[PDB]
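Visitor: Chain residues, written in single-letter form:
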Amino acid sequence: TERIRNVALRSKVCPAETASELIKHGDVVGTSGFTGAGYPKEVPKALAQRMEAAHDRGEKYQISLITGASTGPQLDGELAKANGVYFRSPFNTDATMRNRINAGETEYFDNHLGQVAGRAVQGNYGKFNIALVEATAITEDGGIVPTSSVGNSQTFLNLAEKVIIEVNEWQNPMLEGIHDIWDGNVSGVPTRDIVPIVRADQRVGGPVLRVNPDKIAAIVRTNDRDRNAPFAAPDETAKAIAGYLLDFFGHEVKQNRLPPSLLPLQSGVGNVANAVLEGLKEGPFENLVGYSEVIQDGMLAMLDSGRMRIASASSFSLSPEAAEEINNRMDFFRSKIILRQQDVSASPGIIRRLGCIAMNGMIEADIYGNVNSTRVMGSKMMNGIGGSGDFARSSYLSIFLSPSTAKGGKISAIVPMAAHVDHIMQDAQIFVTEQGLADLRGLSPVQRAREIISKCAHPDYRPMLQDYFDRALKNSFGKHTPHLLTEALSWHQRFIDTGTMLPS
Amino acid sequence: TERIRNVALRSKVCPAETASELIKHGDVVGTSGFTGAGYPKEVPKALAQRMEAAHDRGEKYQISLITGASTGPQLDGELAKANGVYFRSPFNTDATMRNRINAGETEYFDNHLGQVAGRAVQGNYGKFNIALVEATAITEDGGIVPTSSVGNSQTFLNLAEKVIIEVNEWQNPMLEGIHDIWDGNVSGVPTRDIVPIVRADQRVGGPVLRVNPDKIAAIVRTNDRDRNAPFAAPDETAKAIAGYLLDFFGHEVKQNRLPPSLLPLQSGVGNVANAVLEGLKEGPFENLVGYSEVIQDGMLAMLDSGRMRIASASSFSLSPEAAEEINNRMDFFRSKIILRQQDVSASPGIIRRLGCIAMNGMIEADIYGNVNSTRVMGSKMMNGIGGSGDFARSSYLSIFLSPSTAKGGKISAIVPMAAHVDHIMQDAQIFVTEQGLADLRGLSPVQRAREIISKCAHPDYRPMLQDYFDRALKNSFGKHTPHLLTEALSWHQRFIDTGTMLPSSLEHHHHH
Ligand SMILES: CC(C)(COP(=O)(O)OP(=O)(O)OC[C@H]1O[C@@H](n2cnc3c(N)ncnc32)[C@H](O)[C@@H]1OP(=O)(O)O)[C@@H](O)C(=O)NCCC(=O)NCCS
Ligand SMILES: CC(C)(COP(=O)(O)OP(=O)(O)OC[C@H]1O[C@@H](n2cnc3c(N)ncnc32)[C@H](O)[C@@H]1OP(=O)(O)O)[C@@H](O)C(=O)NCCC(=O)NCCS
Ligand SMILES: [Cl-]
Ligand SMILES: [Cl-]
Ligand SMILES: [Cl-]
Ligand SMILES: [Cl-]
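Protein chains in written order, with this note's numbering: chain P, 1 to 504; chain Z, 1 to 512.
Same shape as in the complex, but just chain P:
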């Protein structure tokens, strides 16, 4: 079953090594790939090998790598090992690339995922020399069918001077038809178009990405799997978090502040948000609808149990066993999933209009409910902000989820002051840990503190937090958001110095 159904384009098929030779040192390369789904694989490997060879000969050979979101070991992993990426945007989860970033060997900036397409069109990343995009198939009309994610692929195809397509036989042919690619101006030159989405399950586009065939310089036939980590089966900590939130939603419904079927759900990357979805798959809320950035195992379970009717997202983020599950049951799931451009799925105008409920994980929050999603001790990148800002600020309800402690209790997830801020107080209304739920709506900072400390803090750390806060109220420069600047960041320094936030 020929995947390249356009006859004329078959003449552009060539090996990965030859194709990679189109990528020059200094090139800006835009690729498909979103949370371990749909990134190119074979051309990156071939590139990485040639990069290492060139480095030994003393030839500079690095690229700027712009993606949808995070990719996999074949892309981020291989290129980082080869020391071949001088700039990376906007999101990564590969350990080797992360090490490059945190060692200052690769420059990194995690843009709001929903803005990357627009900033690319604006020229923020420079001119795109190459778009490297993985496809399920190429239609007779020359349409490019995406794989397990859409990401920024349409925008990258538009901008790039040259186009390389990887047609991956591994990807299920029945992916064709699952995507919704819109013809309108979302992230182009102002004035942009109104995106006529008024329901999360509404399609407004077509099944294929469009590209001038004259720009396609090479097509590489591939056969290699998406690779992403499994999710942690929800333990007692995660299940407690799920329990608190579901109870919360329940009361909201009883008070008629939410409909019985809630509102369109966004669930972010990570184990905790996934654990919540596992809770929802057997919860008291029916006819649920997903308007998310990614579909993780838990959301897939919800569609399976029937609690969720349909899920909109830009990408899959499935475990190896979940991915294998959906590709055996593509018949069932295909009619319940819509994969959109990432600048549509994370469009603020749409998110607010739909009234999405945002559920996201976090590194830490301070007592006033400022949120760190990214930088441990304020300097060491974990993954990136992703679309968490897109959704948190635009949502009807912004909810953040975390164990109250980290690293076996040696770190408190509730701190005097966040070492880095991704989400300001105004962007966070609800906090949930295994200790309880803090509802911050309508509260001043001092009021937010009392709630967060009492409800969410771990018993090991709560008195220390209360000690900080009470002395801050006595001594702070101002009393609106009381701080003791001499010790605001001292818990983080203590961890650095001793390996634990707990004093001796």
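Where hints are given, some of them may not hold.
Unchecked claim - Here are the simulated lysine to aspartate or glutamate pairs, DMTMM-like style, with alpha carbons at most 20 Å apart:
id : chain 1 : residue 1 : chain 2 : residue 2
1  : P       : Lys-407   : P       : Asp-235
2  : Z       : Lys-474   : P       : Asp-497
3  : P       : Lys-380   : Z       : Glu-487
4  : Z       : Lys-127   : P       : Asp-439
5  : P       : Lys-281   : P       : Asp-201
6  : P       : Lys-479   : Z       : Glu-107
7  : P       : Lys-474   : Z       : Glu-107
8  : P       : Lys-127   : Z       : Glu-252
9  : P       : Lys-479   : Z       : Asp-497
10 : Z       : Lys-479   : P       : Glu-105
11 : P       : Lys-474   : Z       : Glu-105
12 : P       : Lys-239   : P       : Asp-439
13 : Z       : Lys-336   : Z       : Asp-201
14 : Z       : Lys-479   : P       : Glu-107
15 : P       : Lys-380   : Z       : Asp-470
16 : Z       : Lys-474   : P       : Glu-107
17 : Z       : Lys-127   : P       : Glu-252
18 : Z       : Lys-474   : P       : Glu-105
19 : P       : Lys-479   : Z       : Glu-105
Hints were generated in silico from the structure; no laboratory data involved.
Let chain P serve as the given structure and place chain Z with the ligands on it in line with the hints.
Guide: Using the frame of chain P, we list chain Z with the ligands on its own:
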């Protein structure tokens, strides 16, 4: 001429004092008022008097005060002096109210101005007992014509149990027609409506606020002026900032990254703004368009010259001289201005669609370009975040402007780490001080730092900043966003302890 053209409502006219008696201890009160414009005046004054009298007899008397944005002396000032506000939102510029907030005598939360209506409808502030709105006139069918701002007035009218109107004859009658009020679902229950604004000069609604006449409990005839602030005449610092920004606009135009008429302009509230508006007034760019929260003296002038074709905002932000140059020629300016609900003028979907250029002031930024707009030393409130968040994140271009120092040079506006964050790195692309302009587009945090330090920081503080950065690069826990947590906030603590961020030479400092 009679301002109340609806006969039936005329019998609800009563004195300010009588009207104020409707407001009871513990009430949530929603009022009109936005950047010194269109706030109620006489009822709050009477309310404050009765509050003080109660307090003098050991009787509690306080309200929750929710507004459009900042008000004026007759409202925030009077009530703060009376200590009659237990909770305040979302924005304040009154000195007395600011003292109450910073002493913890008034609880305060500065929501995004564009989100306030929605959060009120959600019930975040509780049940609204009273709506108190200033009006230019009341039409034949009972429509309420706003005055010099729209703010959240329509939402407050919908929510409140009882309504009080102040009909202010100081406000020019020809304000009627300048407002655009939508009956569509902007900030109500999901699913909300598409707000179909695709041009900055587009009207989608009507000229009046709508309210059930049965809820109007009192109408007060008033005659009192809006009270804002004198003209902030641009100093050499502000002029320098304006100069650098205009050079930047010029360059973007020549590289075809902006059209010759630029894009719809949002100008923040502040003194640096006028310098920029003055600059645009004499600049090379024609057919300018305003899509902002406020309309300042500078915008008025460009509208007058035809330099700017239209200005959309939620409110006036004028000097007293500007307040009546426009009330002499309201006839003229009413055709050049559209005043919208603030949840429309600060709507993210619309701001992004129109591709607005956002220009806002700041307290400080750290070397990595995270921005503080609100809390001095991290704990003391200035004004509030306002709509700066609405615009900065949604804009086509996000620009922040500030003197490179504060308090006669004793504070650096560029610091190792911001004491508080309102706008994260991702929400800020351009920084401008009197020292220069930093273009941060496409840069990593370390790259952002090299630009901000070399272009924007004051020469008095640059070697200190470079020293912190250099040693952070060597020693930071991670090297992606290098920090020394031992001294990240030490400059702020230095100011608290000694009144200056500059170190003494009686002790060692690495940059020496
Ligand atoms: C913040 C985030 C890392 C949390 O992940 P999670 O899987 O729910 O939470 P976990 O408790 O399993 O923690 C994951 C990792 O973060 C670390 N971590 C979490 N909180 C921490 C803290 N306070 N201090 C230090 N490390 C912390 C854990 O140790 C773990 O790292 P490790 O496996 O190397 O030991 C993740 O949600 C994220 O990257 N968010 C940003 C993107 C986003 O939210 N996008 C939303 C739209 S799709
Ligand atoms: C941040 C803000 C206060 C700056 O105002 P501005 O007029 O450009 O700037 P100025 O340099 O005149 O300073 C304003 C005040 O802040 C103080 N200030 C500014 N930077 C400071 C700093 N780094 N440290 C301490 N104080 C500082 C000034 O001393 C002055 O205070 P003062 O009245 O006690 O003397 C103002 O823009 C603001 O409140 N912004 C938030 C609202 C907003 O942006 N809304 C969206 C647009 S409608
Ligand atoms: Cl839209
Ligand atoms: Cl709130
Ligand atoms: Cl809209
Ligand atoms: Cl950028």
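Visitor: Are Z/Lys-479 and P/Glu-107 close enough, with their CA atoms no more than 20 Å apart?
Guide: holds, 10 Å
Visitor: With the threshold set at 20 Å, check whether the alpha-carbon distance from Z/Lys-474 to P/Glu-105 stays at or below it.
Guide: holds, 14 Å
Visitor: Hey, P/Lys-281 versus P/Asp-201, does the alpha-carbon distance stay inside 20 Å?
Guide: holds, 19 Å
Visitor: Given the proposed pairing of P/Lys-239 with P/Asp-439, does the C-alpha separation stay at or below 20 Å?
Guide: Within the cut-off at roughly 19 Å; holds.
Visitor: Going straight from one Cα to the other, do P/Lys-380 and Z/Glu-487 come out at no more than 20 Å?
Guide: holds, 17 Å
Visitor: With a cut-off of 20 Å on the C-alpha distance, tell me whether Z/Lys-479 and P/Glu-105 pass.
Guide: holds, 9 Å
Visitor: Keeping to a limit of 20 Å between CA atoms, is the pair of P/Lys-407 and P/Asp-235 held or broken?
Guide: Holds, because 15 Å separates the two Cα atoms, which is no more than 20 Å.
Visitor: Taken at face value, is the distance from the CA of Z/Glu-107 to the CA of P/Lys-474 at most 20 Å?
Guide: Since the Cα atoms of P/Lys-474 and Z/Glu-107 sit roughly 17 Å apart, the hinted pair holds (cutoff 20 Å).
Visitor: Within 20 Å, alpha carbon to alpha carbon, are Z/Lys-127 and P/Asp-439?
Guide: holds, 17 Å
Visitor: Check whether the Cα positions of P/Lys-127 and Z/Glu-252 lie no farther apart than 20 Å.
Guide: Between P/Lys-127 and Z/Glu-252 the Cα gap is close to 16 Å, so the pair holds against 20 Å.
Visitor: Taking 20 Å as the top limit, are the C-alpha atoms of P/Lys-479 and Z/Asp-497 close enough?
Guide: holds, 17 Å
Visitor: Keeping to a limit of 20 Å between CA atoms, is the pair of P/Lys-479 and Z/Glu-105 held or broken?
Guide: holds, 9 Å
Going down the numbered hints, you'll see the structure goes against none, and every one checks out.
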